[PDB]
Structures are given as structure tokens and as C-alpha cells.
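Guided by the hints, dock chains G', D, D', F, B and B' with the ligands onto chain G, whose structure is given.
Letter by letter, the chains look like this.
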Amino acid sequence: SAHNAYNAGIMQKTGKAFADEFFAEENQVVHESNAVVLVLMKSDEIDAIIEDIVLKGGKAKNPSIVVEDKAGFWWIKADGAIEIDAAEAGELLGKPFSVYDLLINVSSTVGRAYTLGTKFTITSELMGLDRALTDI
Amino acid sequence: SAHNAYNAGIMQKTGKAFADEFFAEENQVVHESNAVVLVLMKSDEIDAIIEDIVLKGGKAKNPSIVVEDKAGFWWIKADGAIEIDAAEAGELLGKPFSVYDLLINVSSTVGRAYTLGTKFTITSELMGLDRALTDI
Amino acid sequence: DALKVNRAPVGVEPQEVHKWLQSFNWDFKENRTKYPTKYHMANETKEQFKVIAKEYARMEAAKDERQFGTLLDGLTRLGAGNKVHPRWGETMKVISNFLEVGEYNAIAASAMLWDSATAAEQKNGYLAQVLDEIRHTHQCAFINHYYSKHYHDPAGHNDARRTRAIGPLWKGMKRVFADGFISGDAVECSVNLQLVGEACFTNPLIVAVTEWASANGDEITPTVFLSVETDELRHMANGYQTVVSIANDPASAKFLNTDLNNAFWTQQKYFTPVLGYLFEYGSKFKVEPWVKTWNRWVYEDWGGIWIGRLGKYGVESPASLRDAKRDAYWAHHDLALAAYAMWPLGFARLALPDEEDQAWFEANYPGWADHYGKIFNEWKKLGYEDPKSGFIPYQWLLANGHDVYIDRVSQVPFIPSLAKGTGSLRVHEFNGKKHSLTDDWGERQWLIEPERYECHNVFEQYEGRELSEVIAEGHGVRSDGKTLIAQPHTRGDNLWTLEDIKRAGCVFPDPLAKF
Amino acid sequence: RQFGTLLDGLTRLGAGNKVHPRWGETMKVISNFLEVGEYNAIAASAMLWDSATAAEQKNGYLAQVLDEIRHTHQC
Amino acid sequence: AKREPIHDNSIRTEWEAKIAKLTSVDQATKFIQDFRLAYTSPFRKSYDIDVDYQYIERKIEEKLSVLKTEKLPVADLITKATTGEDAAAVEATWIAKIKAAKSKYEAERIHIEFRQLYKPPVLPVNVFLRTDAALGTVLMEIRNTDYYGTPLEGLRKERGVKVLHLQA
Amino acid sequence: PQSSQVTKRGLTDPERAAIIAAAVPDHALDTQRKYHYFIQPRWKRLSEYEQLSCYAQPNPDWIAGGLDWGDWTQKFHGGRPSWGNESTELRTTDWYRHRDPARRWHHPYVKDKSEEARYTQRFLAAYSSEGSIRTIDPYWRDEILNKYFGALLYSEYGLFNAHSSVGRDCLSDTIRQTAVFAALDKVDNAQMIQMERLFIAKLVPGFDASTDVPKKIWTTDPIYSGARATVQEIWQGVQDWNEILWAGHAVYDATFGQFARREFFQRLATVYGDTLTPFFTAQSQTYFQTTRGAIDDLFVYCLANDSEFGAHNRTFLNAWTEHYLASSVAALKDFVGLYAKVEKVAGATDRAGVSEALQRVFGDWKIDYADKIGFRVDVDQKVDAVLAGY
Amino acid sequence: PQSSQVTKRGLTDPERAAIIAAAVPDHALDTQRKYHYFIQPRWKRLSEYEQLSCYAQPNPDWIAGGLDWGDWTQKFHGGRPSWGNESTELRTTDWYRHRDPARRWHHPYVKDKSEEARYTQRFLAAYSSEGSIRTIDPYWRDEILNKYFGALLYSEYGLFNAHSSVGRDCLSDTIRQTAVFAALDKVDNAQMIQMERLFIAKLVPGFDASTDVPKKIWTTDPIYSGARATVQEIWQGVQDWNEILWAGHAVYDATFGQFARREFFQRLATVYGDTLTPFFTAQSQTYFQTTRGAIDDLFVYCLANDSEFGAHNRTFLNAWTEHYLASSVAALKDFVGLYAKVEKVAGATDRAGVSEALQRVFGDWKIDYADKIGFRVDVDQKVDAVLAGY
Ligand SMILES: [Fe+2]
Ligand SMILES: [Fe+2]
Ligand SMILES: [Fe+2]
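Protein chains in written order, with PDB author numbering: chain G, 3 to 138; chain G', 3 to 138; chain D, 12 to 526; chain D', 77 to 151; chain F, 2 to 169; chain B, 4 to 393; chain B', 4 to 393. A prime marks a further copy of an entry chain.
Simulated from the structure, these hints should not be mistaken for laboratory data.
Every residue, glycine too, gets a C-beta built ideally from N, C-alpha and C.
Don't take each hint at face value.
[Unchecked claim] Chain D side only, calculated, beta carbon under 8 Å to chain B, not exhaustive:
#	residue
1	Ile118
2	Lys185
3	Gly322
4	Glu465
[To be verified] No more than 27 Å apart at the CA atoms, straight line, and that leaves these computed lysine-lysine pairs for DSSO-like:
#	chain 1	residue 1	chain 2	residue 2
5	D'	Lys134	B'	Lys336
6	B'	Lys114	B	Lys114
7	G	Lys61	B	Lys47
8	G	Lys121	B'	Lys205
9	D	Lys445	F	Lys158
10	B	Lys37	D	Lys30
11	G	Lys121	B	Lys37
Here chain G stands alone, though its shape is the one from the complex:
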């Protein structure tokens, strides 16, 4: 839940309290994360996908999803993976919408992201190393 918030953990502390944890010796090495981060540019299409796909059936299948308003974009962090089927977004929008149209406003991915068929997947999985990529 709240461990995927933008201001989770050390990000809540201020002043000397933040510095003490920032410079704590356990925090001088990276810590493996199972999370993925997805950034979506705000746009008519994206705003509909956010409310009717990500925040409904998306969070229903992945309750770890946090979505935050960053003025010009949506910041999304979740455990494991996030999936957006462009065919479903097309039905929501009432207009042709391929996975490549979806990518018009997908602004960033911290994770392994790939296009397969109508689906856009961002996943913590090491695609190509632990799980092979395929064709249609």
C-alpha cells in the first residue's frame, strides 16, 4: 500500500532527521526493489485510462498501485507489474487505439517494459534473461 507512495519512508523526514537516515551506513548500497514505476503524460486519453482502467480494474488486480498527481504527469508505482491493454483503452475511448497510440503519452518506465500484441507491460521481471521475449 503506502510503501509505494512518492513520499514513502525516508521521504517523510525533514531536516536533521532526513540526513541521519540518508547517511546511515545501511543506505550506502542499493536495495533490490520488486516495484515498477510508470509515468503517464496527462492528456484526455490518459486521464480516462487512469480513472477507468488503472484505478479500477488495475488496482483490483494489483492493490499495491499508488497513483500520484505530479501536475503535468501521473506518477504510478506498483509491485511486480502493471498491464495496460490498448484494446481495452480503445473501447473506453470509442476510437481506434493501438499499443503504439497508447505510447504517445507513456512518458517513462522504471522497469522492464515491452509491447506484445495490444498489450503494454511494465514488469519487475528481467525480460530476456529470466523470461524470453516472443513474437505474436
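This is chains G', D, D', F, B and B' with the ligands only, laid out in the frame that chain G set:
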């Protein structure tokens, strides 16, 4: 000069003063005007055309031109005619610009307006009646 | 030969093809318009905008890309859709859907004119308008579609193609911008559509409104309406070319000034009070007095630059202009009385002028406070906004002898006991049916042409029925099925429901029974 | 969509001069400095397109070469 | 009067029952002509079903049109009015009537009656529209000649209205 | 400065923005955000094409499907209504049923055509730079292409003009859009033929791109005599707007048009070394298939199976078809005489090749149109009827 | 709510907008608004293409034309510089001189190609609906088109890959853009050939669209032996980025490429009833002429006439030309054996027709390239050299 301002003549009066001239018997018939009115939608291209073509060489050849800021558009009134050569605007903008590209943001014409070659003319002349239209 | 040729890069520009367009028509004895007309359009007429199909699409698609980028990318990211003043976001329910029918019917009108013309170039001028009016239908729809998604009150933005059928203001819109466009002499339709409706009234309706939109927070409408009018000016040329094409026809000297005065009054009868009402009462921040806007665009600029300059060719100043000018000063205030009194029949939320609106009205229309303002302040004191008040002002007008009549010709409401605009009540019985007419120009039209003007009015259709039942049957409710779309205030609480209307026991009378 | 927002909407709004001075100055640096990053990444990605043996990996680098031209022009 | 709902009411349910009992093109032609003479135009005999007649008229047209395709030979559907007359002969006849008209009040009555009697499906669509267009051309030329000559007081008497109120 | 106030924008002016924000409620006033949610969708969910198009036409309930009520506010002299059921013989329970399968509202339509407009110019600059016209048989170029392909623009132009009354008279929004888009493509086709002729005039000195000879051939050559008669009939002989659409696209253009464009001028371009003309027929043929999809939906899928009027409608459709097919067959019998003016290429312009091309056109028409309306047709009998003029 | 602050927009928040307005000066601080006003324009006035492109490359003054100074901040192991004069034999007074005559920065380039992308799909849906493939000679289709046209994608793909080192090594922005756009068009050509083959596999059951046989033909058929050797040499045999560009486009693709695409596959499509392939060669040929304009400007207009290095540069250009022309002539001598596998059509695939097609390719090349660099060539001698393999 100031006879082509948006608020020229009766438009400066308020209250009872406006009504008295509005209902003056001489103002119950139309009065022939030699003017033309041109409305340009504000846009990057148009704003450059306004300052570097209309308000420089345009007003140099036609000192009757008044240009007024109407928030979303430019209101332009002049005596006789206004000419905008799309070839000149293209050189100003550094990009291909036909007379049909010029028309993307030409929003209204009170007058006889026509496309000939690269030129867009709005004129008080009764085109097709007093002066015939031509091909290239 | 098979080895020699010039290999310089050449294309074919649009105006090169357009030169050969006039030669596309050929002669056969059946080649004549299918529509009734008193005029003959000259076969040699040329068009002012040299447009071929390919370049038409290139030009319009470039307008679209920029417009839809501003809307779907920039303004959405900015959250612009919900930064509109409530009064104006409500007004755009009416303006954009009502204009939508104008755009739609102009498709059919322009196709009729394309049929009327004999010159391939004139046909082409009308053909380009047919496509443009499809564009504009979709543009008006897109505005309400956009508002549905992003504005805080989607009701009425989202269903006006059926909820407009409930109320009386829609009927008058159908005359000027639907039937006035397509039912009559092609030339009469054209003067209605192009020479008056477009060349004259779309300037206030579509151009001038964008400044009011912007003043009230609305940058959606400017983005679209300004693009709409870029096509509109080519339609103005179409209307002028109509005149050009019938100028050497002896029938023009017989007929034109009559068709023209009829169309000018037809259009002004509705748009002069309705645009003034929508502009001044449908906004918080006002740009300038509507009568000043009317003066600039209608009287001085359209009248001088179009009508006055055409006097060289037998076009007279419209005989009805004097009466139109009185409507420009007062008729929109008259209509406001009807619009606010009958608010539950609409599909938009209204706001009574507040104290600083009222000071504005009085300053620019001296005498407004003693006539209209006293009435609005009284209605406020009686609970106009309050759903538990049981008060609907239409019954207050009836209790005080201020009956509302519908002009059989224009469908515009008329309150003779209060109206400061042009007109007087004429009630005729003819073949067992009574008819209320409201002005000299409309009465002459009905008397000469009764079979053109059989439009059923809202009292005829609703007589004896209770207000809430008509609104429920018309689907004039929100998605809970109980709360009215229309409201007498723009606040987010205390909305009127069907039970609130029904408690007022408002039943439609037959206004002509007393006669 | 981007050029519509910029050349139509934001220009009509006069957005270009509604930036705080400090930030409008900062964008002199950020966008031109980033511009060289975009430009050189064209050449870097072409070098990687050369390094790869797999046609698909080449294609992945090739798409970046074109994108970094796009971004030079965007900056 | 207290009106019923707009789209579904007993008046329309009642007339659809009568329309269902029509069984021959001959019976339906007289039914539609009687109805149109009775309930349409400003010279209709009765305004009693004013708010319902146009929908009922549509329902009569549908019945007559279906009976037409069920019962008449194909050549009939293109060349004849359902009254049995030759469509082109109907056309020639009524254009000749309107050009023989002396006043706008004679011409206006001929056109309205032509539509009352021969509106599709009675006359073939193509023949009907061509005739109605030609009649309309004549009616406009007469009516629009000196449109503002007769003053309203005059026009009121010529029309034959009962003036019930004129505001002062 | 300027004479009138410079209006403060409520979106960006601090004062007005603060005022507007104080008036905007903190909650939505309704949750239904789907524009015209009550339209019945033809597909899984509502499409934007339907949302922006459907019920724009303000039909009352006495025109099948309308949501409004009452008479029109203003009608013709004599009483002809703005729109009315007297406009066509066909009937339906709902005039709004039709759906363009390509879902074209205005934007996608001009967006697509703008791609073709710009790309065509790029193709023409490169072709002129390639000097590829050098390999065009000069006889095909100067005698068949300039004269007889040029004359075909007049057929396209007449088909275009047949839509004028259609655009005014037809009874719903999606139908009107389908009709108007079909009309523009047709006049596009004619302008594109003239564009090709004008292009060749730039590459071949002495090549006359004027329409004089094409117009003369259209109007007085016996090869186009039957085609001209049909088009003049479809255009100005009738006003039933369904008859025009069905006759124009589903019979005439689907038989004579398809044979002339695809079996003659396109097909024989790829026997006489013409690398330019197929670039243009690619467009007309693409336009024909897009148009066919919407015509099919309106007449084949809907009106011919309307739950109450299908058999009624097929009676008129079958009658129209017999008449206009007979005209189009005559038009093709006149037209195949053009094969007397071209080099005999086996399986192409010999009797065997023309026979099998007609078997393609008439066979495809049987599968596309005739079988689905119950129109019985002997393909072979129609082929031999046309070859009678070979 | 949410864990972090929801940031107020300075453009629309009343407080911040009021603060920003108080800080914005009431006057401009400079009047020079033309972005990079100091670029020397090639045409009447500065173009946007030049404004967005020119001097993006941060060359120092020790690379001809650079405005910067000093060494690079980080170089290769051993000292190879990020960019350096050691990258090519050619020299110039200014590497920024080059101008694409079509003025393509990124937006117009993808805008144009997007039109072709979408239109191509529309054309393919209509062609499949037309059944126009029925008139394609099955032998041309299954034996020349599937196998030998398919193998040509490998030539286009190799030409594309030749640009990898060009894109890294070349010395200015407009040159890089010209090179990268040429590379993408080439890989586009190869993908478009595979797209055509995949299309036909959908219309002709049993038609194998796999690249196996094309790849086998490319790599082991003697008809492509010489073409494959040149492309492998141009791609991986050299790294002088000017040599690659000149050899790839101005010699190989302008002689072998132009003959294969336009004189064989496009031209013989319009002798064997192929209405599909010319839709695709229209694109490749359009791409070739757009690319030629920029190559011409770089090598013919600029480098061959550089005020200080023209004669110097022509020495290398003339040397490169003799070698790669000799390779391309061999490639064409191998390739004309394909004419042994097609039906002999007079003036097309007889010795007379192939002779005059080669006279077109070599004659055009002489006028386009050889004459303007001072390269002396006997067209006739090259024609008979190629026909030696007929
Ligand atoms: Fe419009
Ligand atoms: Fe218009
Ligand atoms: Fe980048």
C-alpha cells in the same frame, strides 16, 4: 485613422447618450462603408504576421489599418483592402506556407475575400460584379 | 523518345486543376436544378476560393491537428475544462448544441444550393461548404463532448440532442438555423443561411462570443469556434456569389429585396434577443453591452460593408431594420423574463443577475432596474432559487396578467404586457384554429403563406399537463432520474427535483382561450 | 498534439511570457545543454547499432538514432 | 383539453388500429386521401388531432406502401398513381391548373390540394417531387410579386381571418 | 493603446480566476460523462463516430427514428416539409440505423485524404525526376490515356453531382455523411484524372491536357454514349435519394465504373508500360471500396432486412436494379468497342480476356450486391450481352 | 489525498500568477527574436530547418566550421577524438555547409512517412477487397516476385546498415540528419518488400512469405553474387563515412539499385499485369529521389566545389567512383541473367529493351553524377559490359 477603431463613433457613448444616437432617425438605414474587417485567430504564425507584415508594411501602404486585441483573436479594420502575401509570410516564418496554410487562422472577413496565387485579398470591391475574377 | 526526357521535379498545384473545373459540366436539356426557385443562376459564375478536394482535406486536417492538440493535450493537462465560471459553462450547453443544428442543417442547405447552381465553380463553392458544415457539426458536438468529460456538470452537455426537445427556446432556433436554411426558394434559403445568418450573425455568435468565453474562463470554445469561423468566411463568399449569380436576372429586381428583408427579419427575430440574453445573462464577466456588439457587427459593419455596398446593384437597406434596432436594445431583456420564468423546461442552470450585474445592466440600459430588475428581485424574494419555496415564476406571470404567447411564425416568446422590444399581439382565428402573431413582418408572412407556418407550439402540445410530467417524459433529469438538469441557480447544493416542481402545481394553459 | 498545444493554444494564451524570470532563464541552460545530449546520443546510438549483431537489437538502436534527432529539434 | 403524452397516447393507438384493418390498395388510397383532406394543411376540416396527425399520417403511408408492393405489378409502382391514373398524366394536369391561376389564392389552393391528394405513396416519389417543385415555382412567383403592396388590414380581409385581438 | 478594453482571461487573470474558483462547486453535479450515452451502439461500446454524428438531425417522431416532436417551424411554399417521408420510396423503422463501417466523422475523413493529397505531390516530383514516363507506350499515352481516360472524369463528375439532391433530401445524419463523403471522393476522382493529364503535359511537350477533346469524346463518342445516358439519368432524371445512391454506386459504378477504372485503364496500364496511371487508380479504387462498405451497410445490411420493410424495400431495390443494370450493360456494350483501338494482347484485350474481366465485374457484383438483395442474375447472359459490342 | 504536495501551477494559480506577474518586466530585454540569427542562410531567409539543425554539433574550431574551442573532455583509449578529421579523406572549409534541399528536420520527415504508412494500409485493405491480384501472372508472382524481388530486400538492408558507422562518424548536424534519414528509408524499403510478400501470402494460399528462399537466393544465387559483394564491401569494408555515402547512394544504388527497382521489378510489373508491386516501388523510388537531392548537395554542389578542397575532393571521388562503378557493373552483369527466366517481351526483355534500360540508368547517372564531378565515362562501353551477361 480612428474612424476604424472598434469603439469608434457611437460606441464611445454610454447610457442615455448612446440610446439617443442609436435611435436617431438618420441611423435607421444602413450607411455604405468603404471599410473591410478581417479577423485573425491568434497563433504563433498569425502573431508574427500581425507584427511584421500587417503592422509594418501593411500599415505603411494602408495607414487606415486599426488592429485591436480581442483576447483570442485580432480584430482588423481598414479602408479599401488588406492584402497578405502567403509567400512573404512563409519567408518570415522560415517554413513552407501556402495561401491555404494562411487560411488556417484567418477566422472572418467582412468584405469580399479571395485567393489568387500566393495572395489573400479582402477588398471593399464588389468582386465578380465590378471587377472579374481570374485564374493563375 | 525512350532515352530523352526532361527530369526536373514538377508537381501540379491546386489552382492548376481548379482552372479546368468550369469545363467539368456539360450540356443536356435535363441539366437543371430540382428545386423550386424564382431565379436562374448564371452559368458563368466563378468562385473566390480556388479549392479542390485534395487541398480541401489538407487545409482542414491541419486546422484539426492544432485544435485537437490544444484540447486533448494542453488544455486537458491544464485542467481547463473545470475552470469555467458556472454561468458560462451552463450557457455553452445551449450555444454549442443550438449552433450544432445550424451546422447540421447548413449541410443540407448548401447541397440544395449546389443543386441550384449551374456553374461548376459555384457548385464547388457550395460543395466545400457542405463538407465544412459536417466539420462544424462534429466541432459543436466535440465541445459538448469535451465538457461532458471535464466540466463539473455534464448533464445537458451530454444529452441535449434529446433534452432540447422539451423547451420553447429550441423551437425558435429550429426556424432560423434549421428550417429557415432548407425550406423555401433556394435563394431565400441562401440569404437566410449565407448572406444574413453567416455573413452577419455568425460574427457575434461564433467570433465575438469567444471573447466572452475567455473572460469567463473558457478557452475550449475559442480553440474550436475560431477554427469554425475560418471555414465560415468561405461561406460568406458563397452567399455573395449567390447574389452575383442572379444579378443579371430580371427576376432579381422583382424578388430579391423581398426575400432579403424576409430572411433578415427571420434571423434577427431570434438571434438579436437570444444572443443578447445568452451573452449578458449567461455570463458573470461581461465584455461590452450586447447592443454595442450588435451595433458594431450587425448595423455598421455588416450593414455598411455588405448591404450598403450592394446598393449599386439594387439591394435596399432592409425595411425591417428600424424594428430590428429596437429589438437590439430591449428584446434580449424581454426574452430573459421568459427564459428565467420558464427555467425548468431548459437543460442548463441559470443565475439571476447579482447586485453588480444589475448595476451593469442599469448603467448600459438606463431604465433596466425599474422594469426588469424589480421583477428579478421580487422573484428572488419569493424563492426563485429555493426548491422548497414552491415558486415557479411562469405562474407569477399568469397570476399578474403577464401571459406568454408563442409567435406562430418565429416561435419566439412574447410578453406584450412587459415587452420593451418590437411587436404587438395579433390573434386571428382561421378555419377553427387560433394563431398568435407578434409583429408586422411575421404577420404578413403567415397571412400570405399560412401553409408554411403550422408549427405546433409548446402550449398546444402540453396543454393541461403538469410541469414535472412533461420534464420527466422528456428525460430532463440527471442520472439519478429525479434531479432536474435545469436549475434556477448555479450552486452545488439544493438542486430542484421533480417533486419540487410538482409541488408548484404548474399546469400548461391554452394562452389563446381568453380570445 | 505537441505543436498544436504550443503554436495554437499556449500562444493564444500568451504562455511564453508568464514564466517566472528565474525559470525562464534556467531554461536557457537546461534545454540547450540537454540539446547536446540529444545530439550526441544520435551518434552514440548509431555506434551501438554498429556494435550489435542481432537485427532486432540494431533496430532498437536505430529507433533511438531517429528519436535523438527528434529531441535535438525539440530542445 | 388535457393532452396525453407526446409519443404514445390513445389517439395514436386508436388510429393504428384503424390503419391495421386496411386490406387493399384501393381502400388505403381513399383512406389516406380522406385523412389528408380532413386533417392536413390550413384548409383542413378539423384541428382535433393537430398534435397527432403527422404521426398517424406516417402510419397510413407505411400501410399503403406495403400493400402497394404486395399487390401491384412492378411497372405499376413506377408509372401509376395508386388511384389508377397515369403518373405523368397527373403531373401534366396539375401543372396546367396552377399556370391557369388568376390569383395567389387560387394557386395556393391548387398546390395544397395536389399534395393532399397525391402525396407519396399515392404518386410515385420521382413524379411527385418534380410536380411539387414545378407547382412551388409558380406559387412563389405569384405570392412574391409586390409582397408589401397590400397593407395588413387588407391582407387580413383577403385571407378571411376572424381578428380576435389587436393590441394597442 | 487601443480603443476598447483588453479583456482579462478568467483562466489566467488572478482576480477573475480567484472569483471563478470560489464559484465552481467542490463536487460533480452528475456522474454521467459519456456524451449522448443513450445512443444505441452498433459495436461493443459507443464509438466517437456515433457520439458526434447520431441524432444531430432534428427529426420529429413522424420520421422513423426521430426523437423530437411537432411540425417544422417553416416549410416550403405549398407545404413540402424541411425533411419528409415523401423524399423516397423506401421505408424503415429507424433512419438513424446506418453506420459507416469505417466510422468516418469529418476529422478522420480529411485526415486520410490529406495524406493522399501531400503524398501524391511527393510522388509526382519523384516520378518526374525518375523520367519513368519514358517507358510509356506513346499510343496508349496520347490516344487511350489522354482522350478516353480523360473522358471518364465526366462520368465521375456526373456521379458526384448526383449527390446534390441526396445531400439535401436524405433523412439522417450518418446517411448524409456517407453520401457527402462519397460525393467528394467522386469529384476527387475527376480532379485527379485532370491532374494526371496536366502532369503529363509538363513532361511531354505538345501533350494537350485541355479538357476539350475529353469533353467532346464524353458527349459525342459512341463508346461513352450509354455511360453518359445512365449518368445523366441517375443525376437529373430522379430525386428519390435512395434510388440515386443505390443506382449510382451499387449498380452503375459497381459494374461500368469498376470495369472502366480497374479492368480497362488500370489493368491495361500494366500491359502497356504505364507506371503513372496505376498510382491514380489506386486512389479511385480505394475510394470505391470505402464507399462500398457504407453503401452495403445502408442498403444490404439494413434497408433490405428492415424488420418491417425489408421485402417492401427489396421490391423497389429489385426494380431499380433491373432498370439501371440494363442501362449499365448497354453502357458496357458501347464501351468495349474501345478494345478495337488497342493492341491485341492475349488474355487481356482479346475476346477471351475481355470475357474474363466481365466475368470478374459481374461475378463480384453478384456476390457483393445481387445475391444479398434477392436479385436473380445470369452472369453468363450479361457477359455475352456486353461482348455483343466487342 | 496523496503523500506529496499537489503543486500549484504558476500559470493558473491566483497567488503564484500574481507573484510571477509582479516579477516579469514591462519591456523586452532584447529585440533579437530570431533563434540562432547568426546562421548563414542558404536561401533568401533563414529556414526553420536550418534554425533547429545548424550548429547542434559542438565542433571546436579545429574541425572545419566549428564554433567551439579546446579538446574533447573524454576521448577513446589511445586518443581517438569524439569527432575528428581522421574520419574521412575529404576536406572542406566548413562541415556545416550542407543543406538537404527538402529541408527535413525530424517533424516533416516522420509526418511524410506517417502519411505513407497509414495510406499504405488503406490501399492494402482495398486491393484485397478488389481482388485485383487475380490478374497477376502466377509465374511472375511466384518465381520472380516472391524469390527475386524478395532477395532485393537484403540489398536494401545492407545499404541501410552501411550507415551505422556513418551516423557515428560524420562531422556535422545536417549531414548526420541526411544520412540517418537515408538509412531509415532503406530499411523501410526492405520492410516494405517483406510487407508485400506477407500481403500476398494472405491472398494466395500456399504462397510462402518466409524469407528463407529470398535469403538463400541473396546469398548463393549467381544473379545476386556481384550485388552482395559490393554491399558487403560498402557496408563492412570501409569506414570513411563520405566513401560509404558516395559509394552507397551515388554509385551502387544509383546504378544497380535504380536498374533493379525501376527498370526490372517496377517496369516488368507493368508488362505482366502486376498492379500491386508498383504501389511499393513508387515509395522506394520517391525515397531515392529525395535522398539523391541531399546527396547531390553534399557531394556534387559542395564538396566537389569547395573553394579550397574541390579538386582535392574530386580526386578521391573519382577514385572511389572507378572502383565502385566497376563493382556495380559486375553486379549488373550478374543480374541481367534474370532475364533468362522471364517471358521475352519485345522492347522490354529482349536484348534491345535491356540495352535501352541500361542506357537510361547509365545515361541518367552520367548527367546526375559523373559529369558534375569530372568523371569521364563511356556509357556505351558500360552498356555492352553489362549485356555480356544477358
Ligand atoms: Fe458552419
Ligand atoms: Fe457556414
Ligand atoms: Fe533523447
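Legend entry - Violated constraints from the hint list, given by number and in increasing order: Violated hints (numbers, rising): 3, 5, 10; every other hint is consistent with the structure.
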